[PDB]
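Presented as structure tokens, the chain that follows is alone, the form solved without this ligand.
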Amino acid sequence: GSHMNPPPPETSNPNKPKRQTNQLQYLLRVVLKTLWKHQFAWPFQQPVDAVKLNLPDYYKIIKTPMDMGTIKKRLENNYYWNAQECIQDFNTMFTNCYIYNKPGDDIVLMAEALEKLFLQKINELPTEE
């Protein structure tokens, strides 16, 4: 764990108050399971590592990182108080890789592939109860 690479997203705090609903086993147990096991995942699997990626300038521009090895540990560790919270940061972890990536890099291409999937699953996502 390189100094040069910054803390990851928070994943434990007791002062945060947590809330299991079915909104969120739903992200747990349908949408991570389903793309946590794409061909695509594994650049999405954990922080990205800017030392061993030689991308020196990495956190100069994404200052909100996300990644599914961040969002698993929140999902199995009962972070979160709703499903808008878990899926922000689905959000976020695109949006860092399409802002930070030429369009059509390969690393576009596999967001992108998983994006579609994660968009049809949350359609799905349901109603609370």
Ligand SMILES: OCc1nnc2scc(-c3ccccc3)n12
Second form
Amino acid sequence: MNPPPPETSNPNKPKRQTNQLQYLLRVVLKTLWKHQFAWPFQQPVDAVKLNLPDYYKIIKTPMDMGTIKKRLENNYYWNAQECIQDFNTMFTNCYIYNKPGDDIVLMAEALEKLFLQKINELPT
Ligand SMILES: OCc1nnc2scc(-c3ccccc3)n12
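Would you generate the structure of this protein in the form deposited with this ligand bound, following the form solved without this ligand above?
Now the complete complex, all chains and molecules, led by this one.
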């Protein structure tokens, strides 16, 4: 059984459009999406399809790049830090559910380095 996926809209949450959030979509997310290791992270973890019945027993704050992409497109975030926190939650969940040296962890490690390279400098 899968939980409902994270929300991508919420009417009582205030929205903002900023240069940094536009760059997080155009540059950060859309470039990481194309990496050879992006595919496990492009959609919420489907525990039924992937046969991970313990995934949501361990991961209580799921996050993925599909959700982040919709949140950016739907102007869900207030600021860049809120979006950056969702990328960090996605990487940390991968480390928590797995073990050092696992293939999925090697993938998340490489994507996290690319992510940090791209958010080291943001637009004004
Ligand atoms: O490898 C476990 C795992 N941890 N985080 C993620 S996102 C996708 C997967 C996954 C699972 C099974 C086959 C292929 C990929 N995983």
